[PDB]
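Each chain, letter by letter, is given below.
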Amino acid sequence: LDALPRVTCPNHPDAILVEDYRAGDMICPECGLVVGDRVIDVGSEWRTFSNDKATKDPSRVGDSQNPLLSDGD
Amino acid sequence: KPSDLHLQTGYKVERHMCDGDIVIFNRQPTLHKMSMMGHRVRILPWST
Amino acid sequence: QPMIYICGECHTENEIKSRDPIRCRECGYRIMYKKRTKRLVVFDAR
Amino acid sequence: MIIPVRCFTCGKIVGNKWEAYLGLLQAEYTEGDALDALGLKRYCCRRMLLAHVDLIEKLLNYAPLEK
Amino acid sequence: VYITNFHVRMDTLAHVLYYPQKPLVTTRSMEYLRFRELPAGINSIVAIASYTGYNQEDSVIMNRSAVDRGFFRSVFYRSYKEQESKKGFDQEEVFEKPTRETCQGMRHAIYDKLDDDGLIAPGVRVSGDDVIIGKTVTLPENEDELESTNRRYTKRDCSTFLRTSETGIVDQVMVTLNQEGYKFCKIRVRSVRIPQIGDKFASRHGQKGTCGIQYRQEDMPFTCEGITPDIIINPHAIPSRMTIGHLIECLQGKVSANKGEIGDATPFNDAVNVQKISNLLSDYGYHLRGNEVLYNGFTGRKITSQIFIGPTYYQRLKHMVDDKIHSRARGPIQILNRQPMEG
Amino acid sequence: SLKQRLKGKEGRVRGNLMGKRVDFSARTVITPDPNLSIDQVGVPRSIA
Amino acid sequence: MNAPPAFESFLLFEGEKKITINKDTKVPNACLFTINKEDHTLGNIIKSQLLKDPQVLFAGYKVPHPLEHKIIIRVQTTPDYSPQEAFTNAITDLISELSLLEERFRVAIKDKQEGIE
Amino acid sequence: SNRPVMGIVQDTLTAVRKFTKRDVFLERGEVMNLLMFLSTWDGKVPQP
Amino acid sequence: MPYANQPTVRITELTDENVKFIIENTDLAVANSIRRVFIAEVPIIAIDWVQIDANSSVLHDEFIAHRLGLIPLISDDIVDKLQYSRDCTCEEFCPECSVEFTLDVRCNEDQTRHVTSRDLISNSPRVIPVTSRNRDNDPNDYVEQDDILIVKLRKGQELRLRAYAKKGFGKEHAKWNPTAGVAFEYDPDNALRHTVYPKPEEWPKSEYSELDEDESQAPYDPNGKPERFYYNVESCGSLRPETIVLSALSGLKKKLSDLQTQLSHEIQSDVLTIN
Ligand SMILES: [Zn+2]
Ligand SMILES: [Zn+2]
Ligand SMILES: [Zn+2]
Ligand SMILES: [Zn+2]
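Just so you know, the sequences run in chain order A, B, C, D, E, F, G, H and I. 4 is the number of the first residue of the first sequence in my numbering; add one for each residue after it. 49 is the number of the first residue of the second sequence in my numbering; add one for each residue after it. 76 is the number of the first residue of the third sequence in my numbering; add one for each residue after it. 41 is the number of the first residue of the fourth sequence in my numbering; add one for each residue after it. -19 is the number of the first residue of the fifth sequence in my numbering; add one for each residue after it. 10 is the number of the first residue of the sixth sequence in my numbering; add one for each residue after it. 39 is the number of the first residue of the seventh sequence in my numbering; add one for each residue after it. 114 is the number of the first residue of the eighth sequence in my numbering; add one for each residue after it. 221 is the number of the first residue of the ninth sequence in my numbering; add one for each residue after it.
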């Protein structure tokens, strides 16, 4: 079970799958069989995605932490 | 086809919370024993 | 859509199809106003 | 701020009496006289007209009022 | 209300009143503090009565027909802002209007209420699902190649969606730039607020009370001519907290209403507010103690007790009952400990 | 570090074992209603 | 709006009914009526018409909840006189009484086109 | 403390001592109205 | 039923804004039920649907639309013939019920212009609008004859909006209330002794106790009966006072006749017989 791009259904090959925000489920249009295993939500983690800092505060916190570069002086 | 769904015996339906359900009604914060008792639901308008 | 913002000083519209940085003629400030939505909106009198 | 029509207690009109109450005070400086000639008799109607300020005169004094 | 210019200010928490009526029984000390010009409520007639026993423990009973006429009708003014800042060297935000196929990451919402520029126009029935500010950003660019163009490429949907709680309408749209040098936007959401059952209220004497229940005008008692009360307070709420001053405003407001003069409420006067004020009320054609009898609104039987009626100035707290609710069956779950979100 | 996440200073003890969040719950504003029974609790329509 | 609309308080639905005929399972020969979408405006006049009639032994009315709109009527009469005729003769006496009140009301208002004095 | 926690005070306390007052005499039309308000009732009107 | 109480109507004084009458020989439940009909029962026509096309004044649209429906629209043109919108099964709105109300005003001068209810025209046929210099043909008004003022428009403010006039009554919303307040009083001497009146000397005499001038300080009467009910219906200006009673007595019998028809329908559907 590794060929899971973004759509999959055990009964028929899925094609489209929406991402509901009011419920956080993978509702399928042509049937409705969800895929299960809900991780973090895209809408709930909007402000914590990509630019998950306090307005431009890179310094990349991985090894050589240096809060400067851009907008940090 | 919501009006044409094949269902048999042994399934689980997540319907609404109808009347006659015994639910717990605590206080938060709790100070003594009789502060986490149960009650029966009753549908009524307004968020009260 | 002719609705391309409204100046806040001279109170004049621009009505141009471009991606200018909210620039306007004569007046050079950044106080931008916007028109009303042209759509059948149903209100109430209660 | 624009007194409404029909009081919240009874229902007698009073919204159209603010323009006439300000004119009676210029020629007659008496609160007990202008409130009687306007048909107001009960205490529920006197509360809506007396306890009401007209702040709309200070809002219309602005100049940027066209867009 | 707190100022005069209400169209130039765009604050996240702003509440105004439709009819800011000045209080009747007021003091001369607040005349210099600019209080009679900017009040916080109206002079609602509060009749001390038991009614049906629904105004128990910091709660009152109001009229449903009075709210329909304009009883404490406020407007919820909330302003939002989204800074259009950079995202790297060649990464930045672009205000545009993508489609369903030329972009990815639109959860489930569509762009049916947006504009070509990337914003919303004043007068659109926005809800808890639509997008108020639409914007996209890219990151891979040169990384995603080798027959990977199609139509969306790397267009990530980073639009600003409204929280599933605000069901208002856009009123004002302002676009300007700050000292940061970035062209941002600032819109305001206009919502209708009505005193529904459950909202938190207060009083000028300190006896706060939420909206217990609201009945019609026919279901409420009335006097002789037809004076229907607006707010019913618990009579037992006075001896439980020794709030004697609440009965002073309820009696002083009745005398000033029959006379037509702003009576002074100086707490250190020599006019004797016990016998002189009581004797003046009996001259107009009422009881000197201010007690009146009402009639039953269901059967028509005379009330045995005497309801002490009179106007009393109240206020309105900022505690929305529909905003403090929180309920969910099954939604987003975190990944750190497999637990729900914050709130 | 690794010890602070388990010591108790808002780690895996106080912030999870002694203070987490559950599902299926409601918290509004209570209102008096003596006409109801001793077990008939109020249930709003929006919550239901 | 979280609460019901303004028209739901009086307008019925396609699956709801007005008056409901139900019999009692306690005292012999009795019926417990049930009228939907109605407040205390109508329930107060039904008891008054049955109380004056000496052929009625018991008559009362209550509501399950004051915020809702539903009234019930439990009448108990003699074992010879059917309780269904007591409520039927009571609704006909009220209409005949209000009809005569309107007829006499139109005569008094039309007997003074100029003035009584 | 071997004592019940249910308390009946405030509005549900003054009307109790006033209903049993010596200066209280109900009429005939008010008795049948209160009998129907009972949740349960055998159906036996008491003797006046 | 054999024996029954007969009505007794004696009109005291009727005017244009209020009416006074006395009802005798009736039950106490009838006196309280007749007051609930004179308020929220009579069908009144008023503005319901509101649409704002263009607005550039100092007030928002949610404040003008609230004051538009509160205007006491007159109903002296037989409003019972209008069919409800929920029973017309047409296309939302139709000229048979919804009356088109259009507004168009523009202030180009420097001084402030007062916008009243006269600028609100109507594309509907010749139907009487609101009481604002149109019905009172007799030169005997107040001082200018007005009911409500929209907003004080200054130099550079326009106002264009559309609205319809649907059908409703007081039970649906408080804006369809043709009567302001209804007075009620019976037996000023307190014969039934429903209350106590502590020290009757402090209690003043009302305007209805003049016919029974008693000096015995509230006389007692054991064999009492609710007789002689006073009334003073005061309208707010939406309908003629003596006409509201005529339109309420006919509408009250229609509600009672519907229950009588529904009662016979349940008997035919059930296995119980009455004949
Ligand atoms: Zn599928
Ligand atoms: Zn410009
Ligand atoms: Zn009034
Ligand atoms: Zn129609």
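I should point out that these hints are in silico values taken from the structure, not numbers from a laboratory. It cannot be assumed that every hint is accurate.
To be verified - Far from chain C, by Cβ distances over 10 Å, these chain D residues were calculated:
(1) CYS50
(2) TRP58
(3) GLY63
(4) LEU65
(5) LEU95
(6) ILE96
(7) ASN101
(8) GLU106
Claimed, not checked - In silico DSS-like links for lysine-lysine, alpha-carbon gap of 25 Å or less:
(9) I:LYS474 / E:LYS239
(10) G:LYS64 / G:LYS100
(11) E:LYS67 / E:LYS166
(12) E:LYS93 / D:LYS81
(13) E:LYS282 / I:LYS301
(14) I:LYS425 / I:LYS301
(15) G:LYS90 / I:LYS301
(16) G:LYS56 / I:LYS445
(17) D:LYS107 / E:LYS166
(18) I:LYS419 / G:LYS90
(19) E:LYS282 / C:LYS110
(20) G:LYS100 / I:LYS301
(21) E:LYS298 / E:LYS61
(22) E:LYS239 / D:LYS107
(23) F:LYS29 / E:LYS304
(24) E:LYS77 / E:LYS180
(25) D:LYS81 / C:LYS92
Claimed, not checked - Now the stretches of chain E that chain F is said to cover, found in silico as 3 or more residues with beta-carbon under 8 Å:
(26) 35 to 44
(27) 203 to 212
(28) 293 to 307
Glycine included, each C-beta is placed from N, C-alpha and C at the ideal position.
Just to be careful, I want the Cα atoms of F:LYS29 and E:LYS304 compared with a cutoff of 25 Å; is the pair within it? holds, 20 Å
Could you let me know if the closest chain C CB is still more than 10 Å away from the CB of D:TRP58? Non-interface label stands for D:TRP58: nearest chain C Cβ at 22 Å, farther than 10 Å.
Does the segment 203 to 212 of chain E contain three or more residues whose Cβ lies closer than 8 Å to a Cβ of chain F? It is violated: at least three residues are needed, and the segment 203 to 212 of chain E offers just 0 whose Cβ sits closer than 8 Å to chain F.
Between D:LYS81 and C:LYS92, does the CA-CA distance stay at or below 25 Å? violated, 64 Å
Given the hint that I:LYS474 pairs with E:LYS239, test it: the Cα-Cα distance must not exceed 25 Å. Violated. I:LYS474 to E:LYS239 sits at ~46 Å, over the 25 Å cutoff.
Using Cβ atoms and 10 Å as the threshold, tell me whether D:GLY63 really stays out of contact range of chain C. holds, 31 Å
Outcome, coverage of the segment 293 to 307 of chain E by chain F - at least 3 residues whose beta-carbon is closer than 8 Å to one in that chain: holds (count 6)
Is the hinted pair E:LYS239 and D:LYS107 satisfied, with a Cα-Cα distance of at most 25 Å? With Cα atoms ~45 Å apart, E:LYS239 and D:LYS107 exceed 25 Å; violated.
Given the hint that E:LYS67 pairs with E:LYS166, test it: the Cα-Cα distance must not exceed 25 Å. holds, 20 Å
Between the alpha carbons of I:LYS419 and G:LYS90, is the straight-line distance 25 Å or under? violated, 36 Å
Least C-beta distance between D:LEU95 and chain C, which was stated to exceed 10 Å: Its Cβ never comes within 10 Å of chain C, the nearest being 24 Å, so this holds.
If I take the minimum Cβ distance from D:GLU106 to any residue of chain C, is it greater than 10 Å? violated, 6 Å
Taken one by one, the earlier hints fail for this structure at numbers 8, 9, 12, 13, 14, 15, 16, 18, 19, 20, 22, 24, 25 and 27, listed in ascending order.
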